[PDB]
Amino acid sequence: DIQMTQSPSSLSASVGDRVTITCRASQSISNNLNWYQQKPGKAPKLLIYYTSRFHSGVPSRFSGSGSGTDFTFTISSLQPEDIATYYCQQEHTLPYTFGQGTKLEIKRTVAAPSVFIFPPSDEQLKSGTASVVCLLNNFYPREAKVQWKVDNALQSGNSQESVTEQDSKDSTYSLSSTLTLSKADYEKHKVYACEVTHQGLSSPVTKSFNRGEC
Amino acid sequence: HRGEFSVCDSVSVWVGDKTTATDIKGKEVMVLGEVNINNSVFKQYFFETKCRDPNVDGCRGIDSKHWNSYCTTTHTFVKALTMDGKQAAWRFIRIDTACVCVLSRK
Amino acid sequence: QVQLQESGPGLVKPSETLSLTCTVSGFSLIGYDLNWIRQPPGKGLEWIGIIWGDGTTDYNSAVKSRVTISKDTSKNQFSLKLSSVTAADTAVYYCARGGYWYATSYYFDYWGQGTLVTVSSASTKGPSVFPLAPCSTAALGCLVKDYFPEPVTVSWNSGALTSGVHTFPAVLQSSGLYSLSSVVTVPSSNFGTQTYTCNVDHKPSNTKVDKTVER
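Chains as they are written, first to last, in the authors' numbering: chain L, 1 to 214; chain V, 8 to 62, 64 to 65, 67 to 115; chain H, 1 to 82, 82A to 82C, 83 to 100, 100A to 100E, 101 to 128, 135 to 213.
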C-alpha cells in the first residue's frame, strides 16, 4: 500500500492569495496522481488527473505539478468559493489511496455577529423540557463566546453549541447555542439572556426575553 | 507530467457487446461473445478510445493562421475469436484506439 | 446526463451485514467501472473496492474478507455488501464511477452524494420538531430534537427558500440522541402573506414533518 501524505493539514489564506498544497507518496507513482476537492456536505469532485490534466468545469486558477514522489496543487488567486478539503489520490497500484486532506479556509475582515434569542415553544414545555436557542449570524472570525444567564446567574455545563462551515460567498460563520433546562427549573426564573463576545463587538452584546411575555 | 490539456478530446470505454469488426484482410467478420483456454471460458472484452463528436474546440492550440486541422479516430489490431466461415478463428481485428490531430496546409 | 445515487439503511446492528445499492443513469454499466469509497465522520477517504466493465472485482485488503461488489445491468444498479460489521464501518459510503484517459490515466469522475451508515445496537428514533420564533432583519427556525441515527435533512418552503438558511451540524446529547436547528433570516417587513415551513426528513425512521412557524 502506497501512503499519501499531504501538507499542510489545514490552511487559512486571504482572497487573491496564491495557495500551495503538497502531496508526498511513500514509493514512486510516476504521474499516476489525481486531485479532488470536497466542499462542505458534498461528495469529492475531480479537478486534476494524471498530475496536471484538467477535468471538465475546473477554474483556470487551479493547476497541478509533480513527479514520482513529490506533487503540488496550486490556486493562483484564491476565491471565496474555494473553501473545501482537497485530497490527492494515487492510481499507480491497487489499493487506491488518498492523502489525509488539506482543509482550506479564508482569512476575511472582521464581521460582527447578528444575535437572536428564541424561547422554548409551548409544545416542548408540555413534554417537561425547555430548550432556549441563541443564534449568532454571519460573523468573522470563527471564535465567539456565548454566555447564558438566567436571572443574572451564569450558566455552565447545560448548553451545547454548533458552528456552520465557512460560507462560500461571504466567508463568514454562523453558530447556534442551545441551553437545556427542565420545565420545572425553567418556570422558576424570569429573565433568559444570551451574552455574546466577539472581535467585531466593541463591547459584548446581550439578547434577552422575559418568560411569560412570549 | 506538464500537459494540462489534449489538442484532441477523446473517450475511453470497455466494449463488451462487439458483434462485427473488419479483420487485417479488410473483410467484415463476425466477433464471438466467448473465448477459452484448456479450463475456463471468458466473455470477449476490448478497450476502446475514440474522438468525441466534433472531430474539437479544429484541434486545440493549433496555429490557425498557418494550418487547417481536425481530430481523427485511429485504430489498433487486437486478437479476437471470430468466425471466418464454418471454423472458429483467432484473428487480428481493427478497433478504435486513439484520437489524434491531423494537419493540412492553407 | 451522468447520475449516481446510493441508497441503503442508515442503521446496521454490529456483526450484521451492511447492504448498499448504487442506482445509475447516463452511461452503460458494461463500459464503465464502479468504485466504492467510504469516509468515516470527520475523517479521510478510503477506497474499498472496484467492479470493472467486464464484471471482475478487486477489494482493498483492509476489508477484503467482508466485501461483495456486484452489478445488475437490467436494473442499472451496483451493490456493496459488507459482512461482520463493526463501529469502524460507520461512514459515508460513496459510489464513484471510474473514468479513463487511454489506459494511461484513471480517475473517479462521477460520484454519488453519499449515504451515511451508522453501526449501533441502539434503536431508530424519529425527531420532534419545535418552532424557533422570537418572543417579541428577523429570524425564525425549527429545532429537530431527539433523533437517532444521523442524518436529518431540512428544507424551507419545499426547497423554494434557500437564501438566509443555516442548517447547523447536529449536536449529540447526553441521552445519545441528536438535536439540530435550522434557521432562516428574513427582512423585518417581508411577512403579511408569507408562510415559513421547514420540511424535516429523517429517512432512518421514515419520518417526514412539515412544520409551519408563525411570528
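Check the hints yourself; a few may be wrong.
[Unchecked claim] With a Cα cut of at most 20 Å, we get these calculated EDC-like pairs of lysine to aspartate or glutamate:
no., chain 1, residue 1, chain 2, residue 2
1, L, 149, L, 167
2, L, 183, H, 144
3, L, 169, L, 70
4, V, 25, H, 33
Hints are computed from structural coordinates only; laboratory data are not their basis.
Hint check results:
A distance of roughly 30 Å separates the Cα atoms of residue 149 (chain L) and residue 167 (chain L); the hinted pair therefore is violated under the 20 Å criterion. Between residue 183 (chain L) and residue 144 (chain H) the CA atoms are separated by roughly 17 Å; this keeps the pair inside 20 Å, and the hint holds. Between the alpha carbons of residue 169 (chain L) and residue 70 (chain L) the distance comes to roughly 33 Å, so the proposed pair goes past 20 Å and is violated. With a C-alpha separation of about 18 Å, the suggested pair residue 25 (chain V) and residue 33 (chain H) falls inside the 20 Å cut-off, and the hint holds.
Against the hints set out earlier in the document, violations occur for numbers 1 and 3.
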